[PDB]
Amino acid sequence: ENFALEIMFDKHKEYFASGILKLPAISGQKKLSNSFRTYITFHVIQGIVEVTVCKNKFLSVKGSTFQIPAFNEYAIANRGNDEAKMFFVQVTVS
Amino acid sequence: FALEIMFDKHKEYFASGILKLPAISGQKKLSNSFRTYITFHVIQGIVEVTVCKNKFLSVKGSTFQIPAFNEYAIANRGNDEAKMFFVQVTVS
Amino acid sequence: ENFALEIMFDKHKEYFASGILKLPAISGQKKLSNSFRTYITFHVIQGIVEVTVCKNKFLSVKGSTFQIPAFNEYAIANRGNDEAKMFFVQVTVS
Amino acid sequence: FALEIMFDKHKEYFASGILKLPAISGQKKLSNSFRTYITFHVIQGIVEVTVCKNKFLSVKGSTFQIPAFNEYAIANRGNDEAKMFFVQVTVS
Amino acid sequence: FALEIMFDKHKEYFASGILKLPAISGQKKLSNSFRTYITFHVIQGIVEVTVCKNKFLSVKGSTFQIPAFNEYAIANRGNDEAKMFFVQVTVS
Amino acid sequence: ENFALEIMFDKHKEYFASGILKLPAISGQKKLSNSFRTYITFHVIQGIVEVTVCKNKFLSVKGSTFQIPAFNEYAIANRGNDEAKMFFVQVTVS
Numbered sequence: 437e438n439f440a441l442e443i444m445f446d447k448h449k450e451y452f453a454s455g456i457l458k459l460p461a462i463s464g465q466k467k468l469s470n471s472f473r474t475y476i477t478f479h480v481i482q483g484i485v486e487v488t489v490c491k492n493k494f495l496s497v498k499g500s501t502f503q504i505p506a507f508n509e510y511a512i513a514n515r516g517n518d519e520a521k522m523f524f525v526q527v528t529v530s
Numbered sequence: 439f440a441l442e443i444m445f446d447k448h449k450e451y452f453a454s455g456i457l458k459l460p461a462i463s464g465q466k467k468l469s470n471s472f473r474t475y476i477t478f479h480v481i482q483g484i485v486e487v488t489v490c491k492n493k494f495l496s497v498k499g500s501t502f503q504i505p506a507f508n509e510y511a512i513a514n515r516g517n518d519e520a521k522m523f524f525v526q527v528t529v530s
Numbered sequence: 437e438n439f440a441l442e443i444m445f446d447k448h449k450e451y452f453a454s455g456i457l458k459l460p461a462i463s464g465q466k467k468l469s470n471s472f473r474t475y476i477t478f479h480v481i482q483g484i485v486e487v488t489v490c491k492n493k494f495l496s497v498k499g500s501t502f503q504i505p506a507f508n509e510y511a512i513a514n515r516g517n518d519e520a521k522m523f524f525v526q527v528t529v530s
Numbered sequence: 439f440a441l442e443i444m445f446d447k448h449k450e451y452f453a454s455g456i457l458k459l460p461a462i463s464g465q466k467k468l469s470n471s472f473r474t475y476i477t478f479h480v481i482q483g484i485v486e487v488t489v490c491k492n493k494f495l496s497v498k499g500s501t502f503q504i505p506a507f508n509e510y511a512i513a514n515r516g517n518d519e520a521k522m523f524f525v526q527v528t529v530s
Numbered sequence: 439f440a441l442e443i444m445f446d447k448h449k450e451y452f453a454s455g456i457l458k459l460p461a462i463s464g465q466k467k468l469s470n471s472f473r474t475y476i477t478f479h480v481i482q483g484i485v486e487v488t489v490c491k492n493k494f495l496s497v498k499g500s501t502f503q504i505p506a507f508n509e510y511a512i513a514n515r516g517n518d519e520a521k522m523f524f525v526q527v528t529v530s
Numbered sequence: 437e438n439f440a441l442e443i444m445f446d447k448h449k450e451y452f453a454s455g456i457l458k459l460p461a462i463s464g465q466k467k468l469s470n471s472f473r474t475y476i477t478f479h480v481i482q483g484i485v486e487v488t489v490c491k492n493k494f495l496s497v498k499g500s501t502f503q504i505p506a507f508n509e510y511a512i513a514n515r516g517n518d519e520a521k522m523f524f525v526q527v528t529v530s
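Residue numbers (UniProt numbering), protein chains in the order written: chain D, 437 to 530; chain Y, 439 to 530; chain U, 437 to 530; chain P, 439 to 530; chain H, 439 to 530; chain V, 437 to 530.
Be careful, since some hints might not be right.
As the list claims (entries may be wrong) - Facing chain Y, according to a computed beta carbon distance under 8 Å, are these residues of chain U, among others:
1. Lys-491
2. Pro-505
3. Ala-506
4. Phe-507
5. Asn-508
Because the hints were derived from the structure by calculation, they are not lab data.
Just so it is clear, CB atoms sit at the ideal spot from N, CA and C, and this is done for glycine as well.
Construct the entire structure; sequences and hints are all you get.
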């Protein structure tokens with residue numbers, strides 16, 4: 437279950453691209469992916485998610501914040517009732 | 439205000455944090471970003487932003503950026519304290 | 437009264453883009469603009485200009501030097517008799 | 439292991455060096471790149487690499503990269519000592 | 439020579455300055471840029487530049503660049519002192 | 437006798453471009469070139485070469501390592517019997 441998303445970015449006006457990632461609350465809707473040539477910071481605005489990066493699972497809850505380095509495969513699963521929402525910022529590496 | 443910045447530079451690319459504005463009026467911040475680009479995301483509250491010429495209200499779940507070498511102000515314009523998550527890069 | 441200008445840049449030979457900005461001496465010929473995704477340094481080689489950046493006016497004369505950060509609206513007015521000339525260097529931000 | 443890094447920052451863009459693994463098993467290295475991108479080129483030996491999930495054998499005259507903020511391991515899996523030339527950039 | 443570099447790093451992206459060559463022959467400079475890219479603009483005088491292999495005369499209102507990790511020389515080849523405005527970035 | 441070469445680079449997977457430069461053992465096969473907007477590091481895996489950069493000749497043998505800064509003309513001559521092989525890494529400047 438792959439995904440890009442869902443970017444707000446006016447490269448002439450502002451430095452960072454950013455947006456919101458939404459995960460429907462079915463453990464059907466866990467999301468495998470890859471950062472490619474960009475660094476991402478996520479911030480959990482709603483939900484409980486389980487993150488998998490390199491060789492690590494961790495649980496992230498509302499208010500907690502995680503980062504994906506460039507060229508990394510990573511996954512995110514929803515672990516709660518509500519849909520999960522993450523604000524993110526990203527930069528393509530230089 | 440209350441700023442706290444998290445940055446373990448040997449593990450992460452970005453620095454991030456929470457800016458809390460215990461809010462009335464009060465409750466408020468003046469600044470200058472320096473060699474720093476910042477993105478703020480509003481997680482609770484309604485806030486008023488001044489960068490450069492501009493002034494806008496910015497509301498829960500919205501987002502704004504401050505470019506390097508700009509002076510900016512953030513003022514709480516609501517009854518509950520305002521909280522923002524922010525990400526930053528100190529440029530070069 | 438908007439303007440780009442007027443760039444010398446062989447991206448395979450050299451690091452910086454650069455050039456010369458010329459303002460005709462009519463206060464008709466003041467010039468609103470925006471740096472977008474680039475940093476500019478100006479150097480007044482002839483004239484007296486008034487610069488407006490972010491929220492600041494300043495006067496610049498022959499020999500004086502100013503900078504525009506990226507993503508900034510800025511304006512330049514000629515305030516003297518002669519046409520005004522500025523050498524500049526610029527870099528698009530990373 | 440034996441690492442030696444050459445970097446005269448005022449003359450060169452990159453840092454480089456030789457990583458020697460006096461090899462049996464032994465003979466081996468655990469790590470984390472940090473704010474550093476690394477490329478390794480195998481000049482003598484056969485080595486086993488672990489970055490992230492992956493594990494591969496990497497043989498004389500082959501080449502592999504480690505991205506910043508990844509933990510990696512290199513183990514000698516051959517009878518002669520292994521030597522790698524590497525180039526790195528400490529990012530920003 | 440007389441160099442003076444202006445750089446308030448918390449307010450500006452670039453460093454800049456004036457290089458004065460009180461000129462006869464004299465009057466002259468040898469160097470190496472290091473981790474620095476430089477642009478020079480000639481505001482008064484005629485000067486002779488050596489970067490790498492090259493040698494050229496460079497005249498009032500003209501412009502030349504020096505790449506990082508190159509040795510360069512600037513010599514005054516005129517009767518009045520030479521002055522250059524320059525901009526630089528110390529790379530990474 | 438000009439040359440590019442011969443690059444392995446999946447820009448979405450990895451940070452550096454890299455490869456191997458091979459010089460046939462005829463002093464016919466010396467190779468003038470230019471780094472343009474990139475920094476290169478070379479590593480002599482086989483041979484004896486003579487490098488010319490900016491204003492410098494130097495001899496490089498097996499195991500020795502040299503660098504070309506961006507925007508530089510440079511040449512490489514084979515000085516030995518065998519064909520000469522150099523591993524290299526490169527980055528286009530920012």
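Now the hints, each set against the structure:
no.: 1; hint: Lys-491; verdict: 6 Å, holds
no.: 2; hint: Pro-505; verdict: 4 Å, holds
no.: 3; hint: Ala-506; verdict: 6 Å, holds
no.: 4; hint: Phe-507; verdict: 4 Å, holds
no.: 5; hint: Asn-508; verdict: 7 Å, holds
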